[PDB]
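Sending over a structure as C-alpha cells; questions will come in a sec.
Showing just some of the chains, left in place.
Chains here go by letter, A and B, matching the order in which they are written, and residues are numbered from 1 within each.
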Amino acid sequence: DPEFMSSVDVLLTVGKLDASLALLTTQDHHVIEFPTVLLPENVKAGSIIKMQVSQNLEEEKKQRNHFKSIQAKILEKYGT
Amino acid sequence: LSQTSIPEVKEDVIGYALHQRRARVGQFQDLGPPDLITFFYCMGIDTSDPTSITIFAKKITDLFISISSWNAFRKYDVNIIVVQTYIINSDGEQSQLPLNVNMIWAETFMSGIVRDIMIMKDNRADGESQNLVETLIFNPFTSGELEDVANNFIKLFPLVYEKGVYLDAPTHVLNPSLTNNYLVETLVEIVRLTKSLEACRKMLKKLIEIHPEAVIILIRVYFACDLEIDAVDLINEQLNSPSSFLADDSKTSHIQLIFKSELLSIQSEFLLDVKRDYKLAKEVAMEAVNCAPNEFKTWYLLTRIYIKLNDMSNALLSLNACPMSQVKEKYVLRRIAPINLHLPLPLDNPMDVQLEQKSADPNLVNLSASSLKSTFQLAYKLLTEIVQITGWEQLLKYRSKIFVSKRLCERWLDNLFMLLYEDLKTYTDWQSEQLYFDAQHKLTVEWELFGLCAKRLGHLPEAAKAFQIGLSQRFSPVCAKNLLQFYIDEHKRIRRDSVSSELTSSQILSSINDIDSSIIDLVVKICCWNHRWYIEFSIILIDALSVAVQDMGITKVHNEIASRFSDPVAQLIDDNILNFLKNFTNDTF
C-alpha cells in the first residue's frame, strides 16, 4: 500500500509516568507528551514501544465528501 | 451635571499623580490605565482632536488641569495641561509634541474607545461592576463635537487595523488574531448598538481588497445587524468557493487555519444559538475543533452541542479536553496610586450610610463557585446545565465510568465538582427550610446569595423570586440587575415560543406589556444608582430599554417614564439612554 512506503517506524522509551501522561524519549532526543491510556496494557515504565505511523487516504476523501455535503446542506436550508 | 458626579482624591503633595504615572508606565499591559485628570479618572472623553479636548476642558472649567490619556498600539502616554502637550515613553523619559500627530490623536482615540466599550463588555457577567470608586464615566457615544463618534471610529478603523493584535484579546480567547482581538470586538459592538451598517459595509468592503481576511469581520457585522442570509451565503463562499482567500497560491498552514477555525466557529455558533439544528452544528464544531484544538471556544461549542444532543458521556470528555486560561485576566480598571475621599451627590431614594457589615451564614458566603473567573466559570455553567438533566447520582454514574482504559480528570474539573456539591448542598439546605417555614425573615444579602446560587444551578424563577424578595427590604443593584436579566430572558422565551403556541395571543400581549413595564421600572432604578455612582453609561440598560422601544413606540415609552417617574428623571433617562436610541441609532425605527 502506497501508505506503507511512506510509513514511519519509530522506537520510543517510556519515561516518567502519570495517570494522565507518559513522557517518551527517542534516540534523536525528541521528548513527547503522550496519553497513557493509549499506550498498551503492560507498558509500565522504562519500557520500549514501537510506533508505526501510517497515513490514510480513504478517510481523507471520506471526510472531504462529508464536509462538502454538510456545507451544501446548510446552504440548502438556511440562506440562498 | 456639574460638580455633582465629580469625585477627587486629596493631594498629599500637589503633583503626586503624574509622577506615580510616569514611574508605573514601566508596567502597563493590555488596554492600560483610565484617562487620569488632575486626581479623578474619567472615561468617554472624545479624544480625536485637541481642539475638542480643549472644548471639554472649556466646559469643565466653565462650570466649576492635567489630563493624561494612553494608547496601547504604541505604549506611550499623552499628557495635556491647560498648551503643554507631551509624551511619556515606556522608558519614562519625557518628550514634546507639535500626519503623524493626527495618527497619534487617532490612535489614542481608538484605544480610548476600545477601553470604554470593552470595560463595559468583559464585565457583563458581574453586571458592569465597578471596583474603583473614583472613576467618572461618560457614555462614549455622546461626546461628539463636529464628529459623529461611531462614524469616526468606522472611518478611523482601517488605519489602526493590523495593529489590533497588540491590544490582545478577551480572556476566553487563547490565540489572538487580526480577526479576534479587542479592536474588532469593539467595532462589531459599536456597529451593533448604533445599527450603523451601510457605512461599515462600505469601509469593510474597501478593506477587503487589501486584506481579504476581514470578510470574517463583515460576517460578524452582518449577524449583529440581523442579516443572517447574507452572512451565511458569505460563509459558504469563504469555506467552499475556489476563489476564497482560504484556498491560496501561498498557503500558511496555521495563519489560514485559524481563520478557517474562526469561520467554522461562527458557523457552528450561529447554527446553535439560533436555529437549533444540533446535528449540523456538531458536524461543523468537530471540524472547527480539529482546526484549532488549542482554542477554548471550539471545545466550549462542541461541549454545548453535546448537551443539546442529550449525551453527557461525550460532554464530560470534551469538557476535560477544554483548555483553560491560566494567565490572562478580564479587563478591569486599576488604580495608578494606591493609598479620606470626596463623594458628591447628584440626584438634582436609596442611600445607606452603612453598607453590609451584617453576619451571614458561613456556609453561604464561603461558597467558592462565586467569584469564579474566565473559562472556569463558563465550564461550571455547562456542568450545572448537565447536572440539571442528569441529577447528582446519575452524574456520578457517568463520571466514575470514564474518570479515576479511563483517563485522569484534569483537576480544575474536580474542583468544579466539589463546588457543585457545595452549591447543591446550599440550595437544598435553603429550599427545605423554606418549604417547612412556608406553611405557617432572611437578610437581603442572603437573598442575593441564594438567588445567585440558584441562577448558577439553573433554577431561574426560583432565583427571580428570591431577588424580588430581597428587593423589598432594601435596594440592591445585584437583585435589580439579575431580575432585569430574568425579564429579558422571559421576554425572549415568550416571543420565541410565539413564532414556533402553548400560550395565546392575549396572554402573550399581556405578559409582554407587564414584562415591558417591569423592565422600564427596573432600568430607571439601576440607571439612577449608576448616576449616583458617576456612571452615565451602560450597555445592558440600553439593550433592555431598546427592547421596550421595539415593542412600543419610543414617544409612548417616554410617556410611561414621564408619568410614573419625575420630570428631571425622565430628562435623565432621555439623556443617558434614550437620546441615544432617538438619535444615535441612525433612525432604526
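Just so we're on the same page, a contact is a pair of C-beta atoms (placed from the backbone, for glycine too) under 8 Å apart; a residue touches a chain by one contact, two chains touch by 3 or more.
J.: Given that each chain type is shown once, what formula states how many of each the whole complex contains?
T.: Full-assembly copy numbers, per this file: A x2, B x2.
Here is the rule we go by: only the chains that are shown with their structure count from here on.
J.: Give the list of chain A residues in touch with chain B in this complex.
T.: Result: residues 18-20, 35, 37, 66-68, 70-75, 77-80 of chain A touch chain B.
J.: For the complex, give me every residue of chain B touching chain A.
T.: Touch list, chain B to chain A: 228-233, 236, 239-240, 267, 271, 275, 277, 280, 283-284, 287, 404-408, 410.
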